[PDB]
Amino acid sequence: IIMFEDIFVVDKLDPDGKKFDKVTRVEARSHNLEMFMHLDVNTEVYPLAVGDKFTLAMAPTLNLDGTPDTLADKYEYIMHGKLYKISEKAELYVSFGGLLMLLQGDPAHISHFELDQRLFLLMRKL
Amino acid sequence: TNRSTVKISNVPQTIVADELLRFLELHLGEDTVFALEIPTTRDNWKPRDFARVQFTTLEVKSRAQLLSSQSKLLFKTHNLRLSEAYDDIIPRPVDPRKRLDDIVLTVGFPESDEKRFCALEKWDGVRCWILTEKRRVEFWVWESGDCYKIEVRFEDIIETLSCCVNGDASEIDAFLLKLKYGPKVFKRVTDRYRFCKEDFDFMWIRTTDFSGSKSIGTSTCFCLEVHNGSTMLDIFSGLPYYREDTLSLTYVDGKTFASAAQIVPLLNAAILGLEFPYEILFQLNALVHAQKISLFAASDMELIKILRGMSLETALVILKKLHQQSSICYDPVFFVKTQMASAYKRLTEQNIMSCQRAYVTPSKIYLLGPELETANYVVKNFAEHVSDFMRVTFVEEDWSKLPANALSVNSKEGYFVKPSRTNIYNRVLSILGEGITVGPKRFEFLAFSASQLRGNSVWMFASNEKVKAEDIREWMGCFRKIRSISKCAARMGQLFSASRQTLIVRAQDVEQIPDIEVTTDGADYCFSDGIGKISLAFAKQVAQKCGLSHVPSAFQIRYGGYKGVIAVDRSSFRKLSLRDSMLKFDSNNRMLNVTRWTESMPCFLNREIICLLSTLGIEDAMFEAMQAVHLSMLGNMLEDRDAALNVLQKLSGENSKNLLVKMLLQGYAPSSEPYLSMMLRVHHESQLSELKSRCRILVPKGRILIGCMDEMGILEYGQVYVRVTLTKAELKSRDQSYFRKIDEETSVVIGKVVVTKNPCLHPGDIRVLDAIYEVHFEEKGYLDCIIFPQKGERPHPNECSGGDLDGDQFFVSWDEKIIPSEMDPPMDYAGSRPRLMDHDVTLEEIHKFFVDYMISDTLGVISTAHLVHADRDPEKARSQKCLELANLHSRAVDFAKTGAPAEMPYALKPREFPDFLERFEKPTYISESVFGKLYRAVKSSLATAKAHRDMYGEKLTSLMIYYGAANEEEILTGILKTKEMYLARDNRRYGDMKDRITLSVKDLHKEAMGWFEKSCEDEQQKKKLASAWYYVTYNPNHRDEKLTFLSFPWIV
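So the sequences go chain by chain: H and M.
Counted the way the deposited numbering counts, the first sequence spans residues 5 to 73, 84 to 102, 109 to 146.
Counted the way the deposited numbering counts, the second sequence spans residues 7 to 196, 206 to 355, 367 to 969, 998 to 1106.
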């Protein structure tokens, strides 16, 4: 059910602030696959410091064996969004209700993603 | 970890330096921050987003880095990120042990032969800092309030010694620093965002000697009086060439040796008070300046008393032998006790003269001595005052070029920035004005040549009762007609090139042929810039004294102020003729002399040619294949004798006779004949080094020849005539489509030939010309000279970077694989407006111009910047940046003619260099252009008889130790594998030194030939003696304990 799943390590933060009361964009580089990622995260509700390691997963649906549109107990930062731009080292542009995500990796790693589809974002900081 | 300054990534814009300092001291240890600087875009009210902080101890820096890595630094909801910095805020060593405060500093020299030292001036309470990373030692001396900085590098010192001042051998209370060069001298000159923990809000500018008695400029050694230190030896052990021995010294009252004159290191003339010769005194001064004998060791009464009355030749021999001593001599008296006409002929034969060369530094002056060099025209009619001529060059302490920051440092005073002249500027002005006094002489400024202007060199002549400097100046010509400062200097210094003396022609038979001018598109284009006309009889007369068999069709000549190349013709009226656009200045003499007649050398491809030819459509495969075949034929030259002759006949000299060339065609195996095999190996190594340093492609289908014009008017715009000699490759296979076998030795070309020069930075210089064959043109008999049409829209030299027909070389090549489809218009050749004064030259503005030539001299950096920008940005030589760089280069070239500074912008600096450069200290980036591919390919490829023999060997080893050579190959070939700190940065000085040593070895060979001719004077007996010499030198058992030289018998 999970299409893409890899361990990511953050590198730097765009605001580099603790109590800025603003959405923070993170830059995390994948291990092994070595895929650069941009993601907007809220630090106040989901703290994330530099050097931390977190896992990331993407699934079309949260149900088991079909039923598109029970993985909630495993992860803790589930999001929902759609992929609108796929043109690039291919990269993906997924917006989770205005929160842009840029997953830049290799053309072979990202091959089973269609245009204008709904996908989730499963995250856990170990 | 090398430095201690840490750059903070992001800081709030509303904070001040005090708040950040308090935060750092709260998180870290108390008072652990030395310097904190926040850069500001504006003057004092707009700080930047980052800041740089300097820590006292590396442990504090490591702790701060650890805290930053854990994101434990939070100052006003900002996470401080720490990164390494480029340079320290203050050049202060991290180790507190190296910091020495309140110590005694004194200067002096080894005055006595024994273990004695002399103190001239002593300073107390000085600050000494040792910078291991910067490889320099700083001395802070406070004198009359303002402090001065003395900078000594690790290369400045040659040996480190430790001594004592209390008188106890066990204790160490002193340190000796023997200096080879002079130390740099600085001076201190006269806040919200800069803490700095101290009063470091000033700047350092280079200055001259600040001592009243000028003790620094006359002292070659430094002594550091410091307290006894148990671990001080470990700190002092870091200095290069440290001796682990204990030495004792005593103080000698040497306050008498104090000179208040500008030239400090010269001896006093009033002490002698006799008829001492000038040559011996000059040699003694040269010895004192060299690190051989100290000042006091040669100022004693006994030495001058002994050297006063003796044989002059023996005195010169012993003086030069003492100069050739490998080490420093302490007792000259013992050495000299244990040791015990032609100039005119040399000038008339090979123009051999002994010219004194002097180096002027901000600290002292170095006299090299009477070095042999090629004679110029000014000394032909003034050969009696051979010793009065002296070459003076203004260099730095390391004998290098003076940096732009050392003269006229910029400072913002008022609304506009105005440069401020340093003390070195005034020192140079005073030296030029008052002059240099050496013994019973006073040299005066005569003039400086164009080549010397670019090397900061100038001629000086000692005034005499017979002829003075002004007498020579007025004898050369009248220069009051020129109202331009630069033009007058150029015309006065242009008559100093090497030339061969010929017959004298009066001013009765001179023609005034009118010229031709074409004005199109509102632009003045002149075809005849320096062209001339010559007859056959004049060529025959001028070729008789030069030993030239073939009569060239063109040769550069200058006489009576005129300058330009002249061409032959079959319809001449009389011997000589002249045009109108050739008179530079009026002169009282019309001596004829010729510099260059013809050189049919094979063409070479420089970096700019490939850079400008990489956009018309030429691929990288062609150049790669050419480099591959070049390296293949170079590597095969060692074990194959057939390729050696072909290479020697197609690389340097189309028709050259030499001992190596003759033996290459017919010789033994490469394994045998070590004298030839090692020469071939060193030649291959030199070729590889030259290829690594710069691109030089050997193309056999092209030559380098000058061009002229014929009074025919048949050729149109775009039609020229190409004719050159036939080389080995041409003779082997003369059947070609574009090659016409007009004669056995001369072959015509009908292919597409382009014209290129050495300096080229514009894509429009490539002008494809179609060569044609005409019977009428061949009837005139033109050889080794391309023919330019008289009529056309614009002259060919104008399209060639706005050149002139002044005997300049032109690159020609009858290649067929080039791409002529793309054509680009040339750039404008219009120069700056000339500057004319309202008054005659008072010999002061010329000095101002000469000194200001060093300032804003960006000629050598424009080419490098253009190459870097071309390699980085694709589609090179097409953007406006390349056009701007070409315009700036043209203006900088024109700076020697007209006083128009180049004005190099700051934003145009490359700040990055490719792999194929010698700037190891500067950052290196991997280049992916054609030059990068070529460099990678090169890198991959790379990865009675007894007495004469003894005399010759002694002379050769004396020359080797005088020029620093350690092996026969580097002195015979003139190429030195080892370089100094100043011989590697520039190539003009190295080329001049190579020419001088080549002249010296040629003189030695001529003397050997004379000795051989006088020894025997019998043909068969001479052959027998040569065979006997070869047999003796070939036998290994005949070698003595000393180094036997095998280069003596090889004379032909």
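There may be inaccurate statements among the hints.
To be verified - DSBU-like cross-link-like pairs, simulated, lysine-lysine; straight-line CA separation at most 35 angstroms: (1) M:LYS212 <-> H:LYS16; (2) H:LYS23 <-> M:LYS212; (3) M:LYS13 <-> H:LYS109; (4) M:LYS688 <-> H:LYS26; (5) H:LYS22 <-> M:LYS371; (6) H:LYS23 <-> M:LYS52; (7) M:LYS902 <-> M:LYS610; (8) H:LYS57 <-> M:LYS959; (9) M:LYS438 <-> M:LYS52; (10) H:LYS16 <-> M:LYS444; (11) H:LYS22 <-> M:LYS52; (12) M:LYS902 <-> H:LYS109; (13) H:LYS26 <-> M:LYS82; (14) M:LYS610 <-> M:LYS688; (15) H:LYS26 <-> H:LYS88; (16) M:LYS1031 <-> H:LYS22; (17) M:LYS13 <-> H:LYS23; (18) H:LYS16 <-> M:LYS52; (19) H:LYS109 <-> M:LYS817; (20) M:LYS688 <-> H:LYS109; (21) M:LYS566 <-> M:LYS444; (22) H:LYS26 <-> M:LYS13; (23) M:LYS13 <-> H:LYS145; (24) M:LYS1031 <-> H:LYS109; (25) M:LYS923 <-> M:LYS965; (26) H:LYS23 <-> M:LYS78; (27) H:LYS26 <-> M:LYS78; (28) H:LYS145 <-> M:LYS140.
These are computed hints drawn from the structure, not numbers from a lab.
Okay, the hints, checked on the actual structure:
1. M:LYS212 <-> H:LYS16: holds, 33 angstroms
2. H:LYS23 <-> M:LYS212: holds, 33 angstroms
3. M:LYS13 <-> H:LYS109: Satisfied, since the Cα-Cα distance of roughly 33 angstroms is no more than 35 angstroms.
4. M:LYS688 <-> H:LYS26: violated, 85 angstroms
5. H:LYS22 <-> M:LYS371: violated, 90 angstroms
6. H:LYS23 <-> M:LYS52: At roughly 25 angstroms apart (the allowed maximum being 35 angstroms), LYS52 (chain M) and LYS23 (chain H) satisfy the hint.
7. M:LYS902 <-> M:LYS610: violated, 40 angstroms
8. H:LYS57 <-> M:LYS959: Status violated; Cα separation ~42 angstroms.
9. M:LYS438 <-> M:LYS52: holds, 19 angstroms
10. H:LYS16 <-> M:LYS444: violated, 45 angstroms
11. H:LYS22 <-> M:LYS52: Within the cut-off at roughly 25 angstroms; holds.
12. M:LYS902 <-> H:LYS109: holds, 28 angstroms
13. H:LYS26 <-> M:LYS82: holds, 15 angstroms
14. M:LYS610 <-> M:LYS688: violated, 46 angstroms
15. H:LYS26 <-> H:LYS88: holds, 27 angstroms
16. M:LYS1031 <-> H:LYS22: Distance of about 61 angstroms is beyond 35 angstroms: violated.
17. M:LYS13 <-> H:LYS23: holds, 24 angstroms
18. H:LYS16 <-> M:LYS52: The hint holds at about 26 angstroms.
19. H:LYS109 <-> M:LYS817: violated, 60 angstroms
20. M:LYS688 <-> H:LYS109: violated, 63 angstroms
21. M:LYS566 <-> M:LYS444: violated, 60 angstroms
22. H:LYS26 <-> M:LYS13: holds, 26 angstroms
23. M:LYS13 <-> H:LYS145: holds, 31 angstroms
24. M:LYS1031 <-> H:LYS109: violated, 49 angstroms
25. M:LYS923 <-> M:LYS965: violated, 42 angstroms
26. H:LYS23 <-> M:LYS78: Within the cut-off at roughly 14 angstroms; holds.
27. H:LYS26 <-> M:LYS78: holds, 21 angstroms
28. H:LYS145 <-> M:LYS140: Violated - the C-alpha atoms of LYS140 (chain M) and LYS145 (chain H) are around 47 angstroms apart, more than 35 angstroms.
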